[PDB]
Amino acid sequence: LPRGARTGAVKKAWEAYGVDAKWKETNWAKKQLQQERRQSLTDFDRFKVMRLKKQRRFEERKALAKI
Amino acid sequence: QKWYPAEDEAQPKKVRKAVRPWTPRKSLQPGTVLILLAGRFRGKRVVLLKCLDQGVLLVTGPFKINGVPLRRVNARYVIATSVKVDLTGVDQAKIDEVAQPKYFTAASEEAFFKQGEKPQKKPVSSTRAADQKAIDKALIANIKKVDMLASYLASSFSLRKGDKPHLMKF
Amino acid sequence: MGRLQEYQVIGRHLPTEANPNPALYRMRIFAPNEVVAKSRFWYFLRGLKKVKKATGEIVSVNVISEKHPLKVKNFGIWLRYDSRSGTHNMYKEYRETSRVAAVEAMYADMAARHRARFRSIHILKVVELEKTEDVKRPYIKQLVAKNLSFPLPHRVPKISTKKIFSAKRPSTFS
Amino acid sequence: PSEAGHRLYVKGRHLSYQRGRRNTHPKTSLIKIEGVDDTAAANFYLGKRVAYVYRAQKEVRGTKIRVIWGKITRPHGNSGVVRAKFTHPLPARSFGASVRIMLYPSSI
Amino acid sequence: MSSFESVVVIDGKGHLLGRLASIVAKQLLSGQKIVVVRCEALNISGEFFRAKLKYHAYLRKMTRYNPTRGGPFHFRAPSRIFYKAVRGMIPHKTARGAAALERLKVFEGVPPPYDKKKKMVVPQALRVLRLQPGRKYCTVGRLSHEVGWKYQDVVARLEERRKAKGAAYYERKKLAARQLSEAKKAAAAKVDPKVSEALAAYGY
RNA sequence: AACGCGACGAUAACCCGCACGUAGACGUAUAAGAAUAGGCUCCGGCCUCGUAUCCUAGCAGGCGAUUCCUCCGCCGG
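Chains as they are written, first to last, in the deposited numbering: chain LM, 72 to 138; chain LE, 25 to 130, 137 to 200; chain LS, 1 to 174; chain Lf, 2 to 109; chain LO, 1 to 204.
Hints may be right or wrong, so weigh each one.
To be verified - Think about it this way: if two alpha-carbon atoms lie no more than 27 Å apart in a straight line, the pair counts; the simulated DSSO-like pairs of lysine-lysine are:
#, chain 1, residue 1, chain 2, residue 2
1, LS, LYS163, LE, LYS191
2, LM, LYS102, LE, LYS108
3, LM, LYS82, LS, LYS71
4, LO, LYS52, LO, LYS13
5, LO, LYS194, LE, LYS199
6, LE, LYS108, LM, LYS124
7, Lf, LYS12, LO, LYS33
8, LS, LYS168, LO, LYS165
9, LO, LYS33, LO, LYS13
10, LS, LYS163, LO, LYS119
11, LE, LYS194, LE, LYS108
12, LM, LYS119, LO, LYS194
13, LS, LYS158, LM, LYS101
14, LE, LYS194, LM, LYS125
15, LM, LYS95, LO, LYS119
Keep in mind that the hints were calculated from the coordinates and are not lab data.
Please put together the full structure from these sequences, using the hints given.
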């Protein structure tokens, strides 16, 4: 990136390097995506979360007793 | 009337306050799952059948899922949720019949001798029991179609650690 | 002072039958709003010339905006400030994107470093160093230098002031 | 067994009355709701029913629990404290006591 | 974020004396139970001789007739130095103030019922988040030892034994995290992937 | 310390009559240490962030199944 590059040069560098793609792969955006899915959970959706975590942990408890 | 007015009790001024209908909130659509906040059915997850006049809502459980019968509740005493169960197949004519306000509103030896005694709890009417069954039979069939909706309506809402209602969405 | 603006104030003496069509003076004034820009115009003008508010009128007031408030310019401000001894000249330099940001940083600098108030500072000339190698202060030349790149050691996290207690100890590496 | 709670209220504490330095007005009471930090979060709790439950050492209605009911009227400060009005002003000894904020009346 | 807890225990290590005291005193008057742990590891800003000057000026103030009654009782322990700072921020002459001081508990070191609990920290009084890097600071434990505290070696020996028990606990905690990750990967093969697809979308 | 604390020795089980059942619980769940011009770790990697992690469905939580070896509690050793 040159110093003092205007909006045209920075836009062409963003598209060439594809920094929208590598931002999505960053651990910070995965954290930001997960926490956005927190707040979108409705009351019914939070109940299915409780039910499926119960179903998931039944296997994880079983495997831990095996280990 | 019959009596000439015996005292200086004056008739009131003509009051210009006209009764205009109550517009409910946009969330209060028929089929919306509600959360009861007060009463003996506090914390129960019910469904809304029809929005009635002056801020009250007609509500059923259904009775075979959680245990709340055909009841009226106040709109302000209810949290409305985003989940809506299909009303297809539910008799609208029976809903209009139970929406009538009289459906829920309504000296001797025996009179003296039950004084001070707790009156026995009245067993349920056969008309109300049959009216419940004619409504919930299509509701429950629609409820069974969507996964985990029946267990969701059987369960009770509760607040846990860190649950902030000013950010939670229903 | 706050969101300062820069105003062009045109004023003149009131016209007279003996002296029609007067001299029509002009000054550039850094003021928060219009009513102090007019007040600071008549303050300076009565200091230089005989013309005063009762015998004069304001011809025009127009705000002036930056040509390019999105480019970074090095600014040199010559100022004259009054202390308990007398009047002294300074040439200070600051790095901003606008002329009102130049004098905003000037008043904060002179107040912090020399305890100077607004009524003691006289903004003599504000110039934009159009070409580099005319920067003559060591702190600004330090920022102008080639392929400049610095880290940010000991960045304190922004923890909310109403979160009184926290479980994990904070880190200062971000 | 359910092994669940029955909490349909939001916890809060009774901080003090409304006051300057040397002038206190007990008709209005300052409440710190658990979780609210701003005026924007406090705005959700305006016009909500507020209860202060306590004990008696004498059964009056078959129970030893007496309740004073009120409502949250307006926010207070920048830190999320609300100020509430009760039918009878809260004692003074309850500075720091638990206060229940109900979720009704509701506009959700 | 404005949480309400039964008893909150604060690790005093790396904490400024007065800035922790003003937070604790505001919490105590709000109705929160406070337990302060490792008061000898608290920090005071400035240099050490300034703190040594200030306590010797405090040690200069005594009542004439008899120091048993009415005299300023000079406490040489780190916990009571912190207790003096909190008490000055409390209207202790009133009944509300004394009830708030009853909600406070201060200890030198980490006693056995409180080394099993989770010690929280106050970011508004931490030295590394508040003090400028070049500036000097002192420790209350070395202030108290050079003014009359006689239990510094006792506390240091008791803290050494707590680290050894803590180090063995962390190895077991490390092993339990091993077995949980091994079980989670193994149970994921038989975990009905319609469930895991829905949980991933929901955030979990 | 006469309104600070500890160890120890010996005590008060009967029978007759009668007076009453929270300076603030509501999931009152969560132990590394240490550094903060560094640290943690499956040795792959990870760290602004507790916006986390466990628990949370059932007449204030019934009865009987289908079905499951998971979690909780009491006694011992």
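Against the structure, the hints come out as follows:
1. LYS163(LS) - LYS191(LE): Holds, because 16 Å separates the two Cα atoms, which is no more than 27 Å.
2. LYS102(LM) - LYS108(LE): Roughly 31 Å between the alpha carbons, so the hint for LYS102(LM) and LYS108(LE) is violated.
3. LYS82(LM) - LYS71(LS): holds (17 Å)
4. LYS52(LO) - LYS13(LO): holds (20 Å)
5. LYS194(LO) - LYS199(LE): Holds. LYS194(LO) to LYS199(LE) sits at ~25 Å (cutoff 27 Å).
6. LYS108(LE) - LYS124(LM): holds (24 Å)
7. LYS12(Lf) - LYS33(LO): Distance ~16 Å between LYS12(Lf) and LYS33(LO) Cα, so the pair holds.
8. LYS168(LS) - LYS165(LO): holds (21 Å)
9. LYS33(LO) - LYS13(LO): Given pair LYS33(LO), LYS13(LO) holds - Cα atoms ~19 Å apart, limit 27 Å.
10. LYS163(LS) - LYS119(LO): Since the Cα atoms of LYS163(LS) and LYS119(LO) sit roughly 16 Å apart, the hinted pair holds (cutoff 27 Å).
11. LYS194(LE) - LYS108(LE): Holds, at roughly 24 Å.
12. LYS119(LM) - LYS194(LO): Holds, at roughly 13 Å.
13. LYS158(LS) - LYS101(LM): Between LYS158(LS) and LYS101(LM) the Cα gap is close to 21 Å, so the pair holds against 27 Å.
14. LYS194(LE) - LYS125(LM): Since the Cα atoms of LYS194(LE) and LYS125(LM) sit roughly 23 Å apart, the hinted pair holds (cutoff 27 Å).
15. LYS95(LM) - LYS119(LO): violated (36 Å)
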